[PDB]
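Everything on this sheet refers to the single structure shown next.
For this view, one protein chain was removed and the others were kept in their places.
Read from first to last, the chains carry the letters A, B, C, D, E, F, G, H, I, J and K; within each, the first residue is number 1.
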Amino acid sequence: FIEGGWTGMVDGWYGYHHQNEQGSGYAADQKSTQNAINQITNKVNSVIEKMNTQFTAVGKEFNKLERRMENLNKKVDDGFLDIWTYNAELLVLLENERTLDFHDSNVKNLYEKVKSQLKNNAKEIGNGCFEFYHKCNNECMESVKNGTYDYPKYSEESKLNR
Amino acid sequence: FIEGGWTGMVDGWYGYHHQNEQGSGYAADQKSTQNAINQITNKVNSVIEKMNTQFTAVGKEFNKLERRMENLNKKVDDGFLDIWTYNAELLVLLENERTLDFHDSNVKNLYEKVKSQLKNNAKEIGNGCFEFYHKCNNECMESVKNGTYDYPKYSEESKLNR
Amino acid sequence: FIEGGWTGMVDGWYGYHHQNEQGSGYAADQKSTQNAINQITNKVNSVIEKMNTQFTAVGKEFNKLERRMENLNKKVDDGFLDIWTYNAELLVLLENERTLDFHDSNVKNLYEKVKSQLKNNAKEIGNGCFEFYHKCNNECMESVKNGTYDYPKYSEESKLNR
Amino acid sequence: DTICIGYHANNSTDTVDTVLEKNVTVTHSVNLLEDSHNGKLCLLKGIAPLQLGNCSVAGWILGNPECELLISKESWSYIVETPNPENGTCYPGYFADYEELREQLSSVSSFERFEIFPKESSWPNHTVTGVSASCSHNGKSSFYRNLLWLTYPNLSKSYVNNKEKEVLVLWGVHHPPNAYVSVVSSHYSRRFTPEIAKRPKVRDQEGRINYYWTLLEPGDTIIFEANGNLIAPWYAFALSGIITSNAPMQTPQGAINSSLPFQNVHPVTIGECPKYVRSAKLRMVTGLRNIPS
Amino acid sequence: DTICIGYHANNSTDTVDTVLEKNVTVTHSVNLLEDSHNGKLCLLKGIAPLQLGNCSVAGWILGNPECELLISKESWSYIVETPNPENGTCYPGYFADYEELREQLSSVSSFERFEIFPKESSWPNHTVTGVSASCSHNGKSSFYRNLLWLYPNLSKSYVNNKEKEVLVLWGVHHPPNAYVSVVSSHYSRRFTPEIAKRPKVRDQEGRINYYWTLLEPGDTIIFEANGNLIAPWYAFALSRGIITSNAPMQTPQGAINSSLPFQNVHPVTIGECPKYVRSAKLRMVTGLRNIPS
Amino acid sequence: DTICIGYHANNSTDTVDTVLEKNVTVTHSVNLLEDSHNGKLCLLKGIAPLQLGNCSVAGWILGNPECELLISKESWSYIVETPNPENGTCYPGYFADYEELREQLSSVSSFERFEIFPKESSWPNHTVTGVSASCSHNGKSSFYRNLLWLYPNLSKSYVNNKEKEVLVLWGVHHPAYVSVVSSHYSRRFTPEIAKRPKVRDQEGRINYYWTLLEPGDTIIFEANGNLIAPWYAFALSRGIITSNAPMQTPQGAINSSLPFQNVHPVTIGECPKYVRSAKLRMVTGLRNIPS
Amino acid sequence: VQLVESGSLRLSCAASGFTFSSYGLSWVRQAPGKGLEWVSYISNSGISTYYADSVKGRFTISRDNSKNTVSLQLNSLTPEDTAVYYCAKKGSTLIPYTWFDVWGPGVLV
Amino acid sequence: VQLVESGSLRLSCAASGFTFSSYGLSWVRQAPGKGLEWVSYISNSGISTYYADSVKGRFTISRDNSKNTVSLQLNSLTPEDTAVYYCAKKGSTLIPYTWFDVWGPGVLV
Amino acid sequence: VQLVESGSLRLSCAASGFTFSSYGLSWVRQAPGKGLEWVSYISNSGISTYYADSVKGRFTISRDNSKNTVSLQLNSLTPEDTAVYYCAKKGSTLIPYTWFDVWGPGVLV
Amino acid sequence: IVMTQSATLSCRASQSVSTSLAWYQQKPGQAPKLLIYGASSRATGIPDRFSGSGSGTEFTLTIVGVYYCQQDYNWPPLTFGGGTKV
Amino acid sequence: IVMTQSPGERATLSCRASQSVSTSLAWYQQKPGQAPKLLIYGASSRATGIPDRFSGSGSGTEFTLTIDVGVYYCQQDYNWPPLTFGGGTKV
Partner (left out) sequence: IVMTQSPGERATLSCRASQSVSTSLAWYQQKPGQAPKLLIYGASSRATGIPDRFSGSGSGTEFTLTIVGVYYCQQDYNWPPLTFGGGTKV
């Protein structure tokens, strides 16, 4: 349905590539962008925090006769290192998965949202793109973008153009 | 969809707000409610358990001539504390995230269920609301709730009349 | 929507049970099969490794007069044991949760994929089953399976079969 | 002829948090963090814990006069000691190997006080009297209650461990700042000697007297000896859990009555207890959001 | 014609559990929990492990007569010891610091047994002979095999020629009825003889304690003694684990041949092995559910 | 007209990984793994660290001639020692314990060198002169700087007039009844003449001990045949790294806020936690593939 | 917001200044000396409808959207029906909640 | 559950006592002196159909839902067709599985 | 791929050898000695359309799918229209990208 | 459902209604104007001097004229209370 | 596809085909005069209502019945359009 992003849309995360008899180009949305960036920044802030360390004098010294203590210390240290490695790796992988899936879900949501207010005045073509039986100027673009597309206004149009 | 729970319908988790020429009010749906509550309670009972400890005489004493032991013990104790803090925080946050989306998914499932129960005898309006083109008495509420809607029976006048 | 797998279809993961006037039987898809098996094997691989242990002489000895050392050693050992038990149990439960939902999502995706071609030549019946107003021979099975269904070719069918 | 879907809502906040957002309300929730406190310390196992306030564990085991020896406490799940000891060691001295006895005494919940040696028969050749001004009990001179000063023959005595239980033996030697003392076990030996070096004055006393302690099992027997001085034992705390607090009649700062796994009270505790954690609020969600439509 | 969707199903249970519900079947699964056991302990690294049953490690290193000294075992990845020792210390004695020798032999896998000292020419004045009834081997009186009982002021040293770590163990006689001083270049001690009475054990009336030091290449240790000494005769030269159990020729309870990470057999093991865990069923799901229709 | 949907894409790789695939590109990412290194170790707290190059901590505390005693360093967050000691202990000897001392000096951050004993007041009866050829300084014979060689039954005692902890180090000559006596600590060593090997061109040793006393304490000394009297108490004011870098971590300095580090774990002060991993990148955007 | 009403018998309530297509209107009669009395109601779309208990059959309600006006076919002019008639609009589009905020001048028949 | 069958020659099988609209009927012929024989079948909806190999065209099948009864036109009579004809119903609505449980008296043509 | 063009005046561009129903055609004029000039364009479906600024109204474009052929009405001939006309096809089905890869012999009006 | 009526007021019902209640005021001649809607929520724009609270078949206002209390739980049969002299 | 068939007598019977069929098999019995009744449906899975005296087992082109005098029938429902009923059995 959606595979790769366009090289256009210099700024933003989600947007529309409108086209009409008078002009064409790109356009970026706001609310979805703000929500996505805010949530991702919150995720990053949460993960980076929750980590604190005191004076960790890790280096320790032991005498010749106390090799038992040396082995005990090595056991403790290597165990801690392994535990932290495993934990961090699992956490990072999980976070990556849960951000990618969320992004995909959000774009799908925007798609169905735009679908909502164009029940019949348009006709799906594929690849997440639409077109209207009626011709409209630039202003209809803003109307759909803001959600103020008055369906009755263009409903009367002769949808029997076939 | 999910906007805000009605103050009415005191008991239950989901339900319908039926309205008809004869009466109006609320009504709960037990079949999904019992499943949801049972599953969530089972999950809580699962997470709460598995935590058991023996006689943990955490308090330990060390002589003036053994500061090394003091430092080692402090290291191990603080490490355990930090590890457990991080683990528990992550687990609780994960379960909180996983519960709400599950509830929303169950609600959406009930919505598509009622949508499937009948197709053209009604007409979607929005906010998870439907209305029948025909008129039916009180019993049709029970009929739809059980899923026993009889499409040909109420096909009467199920046509363009507006 | 789909509850139990058929006893037939010895080999495969997802497939179709085509029926036509000339013949009937099963048929196994491959693309989604390869994707699912590859992803699941990748999950299994990811989990299995990341577990390396050195020449760990866990067994330790302690003198009669050093019982403090015995207590410390048992403390560290049982703590590590409990931590690893909890971590592994949580990880395995999470993976078990995360595999089944992915399988179901893949099945739903395939169902919508087949829905895509047959927009009105067919008529949904339920339980993920479809049938066409027009009759077609075996080759239409291959056409739909590969997605090459020629909608205009059979669009002209006298859909007014009622 | 209208149907709509929805969920239950109420008039409660029950704030919860998640990665989705912080400070979000919920219809129903369960808190995994507990804060109940100030409960007076009670019988953990329906028995009186060994309370020995106003005196240290050392003096308690060593018959300090002040605490009256707490003659009768058969069962004690745990020991609660005053954080600041009082008259914890009547006579100044250097007690060795310490905290090993303290860790040993954290489990046994029954004692059989047993006069190991006869104070009347087996040793009249030498005198038993003796007191220290710094150890004058209740305003009158005295020495101790658990062990015996001695005041010459070459003392040679030995227990045999007839009772089929472990028997503890504590003692010390006299360091006069103005003697081949040798405990001898079947499989343990030592050989201390007397010292004469000058000492500073502490607790009004001129010197010190150091104490040791050995453990022996059934089927064993230990034989003593000394020439110049010896501190004979007179009662073995035959065997068969430390908290510092000041609350009246389990944690150092009260009691907890709940089934949650996590605690915010001080981590140190005795017996099975919820794991401690450094966090403020850990509330789980068991319902749906609560915001009026 | 008709089209329908579905997934292959079979006739196996393979019970698994998940977040939602307990005891759910699955078409295909993989178990990460292993239980294979009782495989006879074998060569972990294709070499014979040092087996010294019927005698303790101490007696083994100290030439106890009973075990015949296991003269030839060049390669030994690990040591398996009988949980209950037999004749583990021929002569009653107090052997110290048994956590630094027993931890030194957990790695070395090549012993260059080497007669450290000469017993033919350098000890003519010394009366090398003597036996203990408690150490009478095979019904005949003898002393030991790794060192010899033993008046001039004995003085001797090691030539320290071989470029490898050399070990030396010894002890001192404790007549139950002498400035022994090992002197390393960077280690010193000074023990003395005791004459205190001892109880009877193993039919003997006292003990004789043993010590041991480790010296690297380029060192030189010089001995001395007046009243008694236990000279060494074999330095177990090293090439820098323990398993208490018994079974016919790893883990204390057999062998495991699997690649899974988690194990249910007893945690303690030697060499690379799966991590242990306290759980019964850890099965992963690699397929789909299995329910007909 | 036409309305399409999509997301912005760019021309960067920024490789990341996840369960779906290894080596997958992304428009925007953040790395939680840091590798900045080789920055010269500097003032962690804006103060000069106590470098002890060319000499060991032992000799540093015990007035070894070679390092000139580093007379002035009032504050030092951490101590950096050369991994390979040089002339670390002039006289061949054997200390008491160098962990209960080496570990206590990892927290203090200042000192007040105080001539604990007056070397001209109340012991002319002694013979303060003395020297060891093997301990000659700058090509000329000398003994030490933090304590002096040394026959009546001498005695002496400090009183701890200053309200701070005072440290006292000393030893005895191993070619008597040396007995340090604290208010709550005691020991009694004796001399021992016995054959020993030659090391550092000497035929014996002298072993050093050290005790700590708090305010209200007044230790008292004594000896008959030998005594290594102290001459300067390194009075306290309350980490160790081995490195060779010129003028933190043993191998440089790190300036970043990420939590995980790939440089050697050992460090002093607040620093990112170490971990054994190569690449830890988080995805803060969307995938990047054209078309 | 603006609303007007003018007028068997015919009665229509015209209004403007808002979105007439996304709201539900209603009607309320008023007695000469007593309180107000509900008479009817319709939903925004124009399908669901109700009527007063003692009126079902005679008074009819119809709505459109082009002219943003609604009409009641006041038939069966029983002489007891001498009641002051008004016009009103709901306060929100959500079905469960209701309150008549926008109130017009009304009509004295 | 009840079923009855009565009857070129026309033939019909009337039935009731269940949901006639959510099942698939069928037909099986029986010879005077040997086993049975399948003749035809139809799906529940009425859009998909099949026929016996030796009959395609000769016999036809039609169904309704209001009357809950089906019928086969059964044209082109021929003496070898002197077979006993029955009526039967599937045992479940799932396509892959099949078995004729509800069996009726049948008809002797 | 095969394409051909033949031809107020009428002009048509027949083509084959590919999926004509899933692509957008176009038309470009050519001057006698100058560069090429765009004319018009139509999407694959046959709804969205555009035209040259200086032609809107004069020349109209229509398409079919059965014949895999298009045609410009090219009405209202004018003296300046002495231009060489061509045929072309887009290089992909994605809207944002565009390039005329398939090129035919064109026509000299 | 039925209603009735008695600065403060008091509206009493014979059945349990949670929140579907409001309040309407009017002086003679002028059309009634909205007052606090919901159980007690105060409508905007209108002067805030008017107020009230109470629920569960028991409602009361808080402060010449007339007022009205209306219930909206059982919908099809709406109902307005009586008068309120002051 | 084709089918075929074979006092306190021990009642057993077998039905075989020339192709592999996993489970789409059943069993139909009929006494003379009356209509055939249902029997074990599926791969020998016991039918309902019928007396439990009747039983059987077998699969994979080899099916058997384990046990009322007369005839019985085995039917295969794998390849659907051309249904087929087996022969007539005796006892």
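Throughout what follows, contacts are C-beta pairs under 8 Å (C-beta built on N, C-alpha and C of every residue); 3 or more make two chains touch, one makes a residue touch a chain.
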If the missing chain were put back, which residues of chain I would it touch?
-> 28, 34-38, 41, 50, 53, 86, 91, 96-101, 103-106
Listed in rising order, the chain A residues that touch the chain left out are 7-8, 10, 19-25
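One rule holds for everything that comes next: only the chains that are shown with their structure count from here on.
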Using mean C-alpha positions as chain centres, tell me how far chain B is from chain H in Å, no decimals.
-> 49
With chain centres taken as the means of their Cα atoms, state the distance from chain A to chain H in Å.
-> 58
What parts of chain C, by residue number, touch at least two of the other chains?
-> 6-8, 10, 17, 19-21, 46, 54, 56-57, 68, 71, 76, 83, 87, 89, 127, 129, 131
For chain G, what residues touch not just one other chain but two or more?
-> 43, 47-48, 50, 94-96
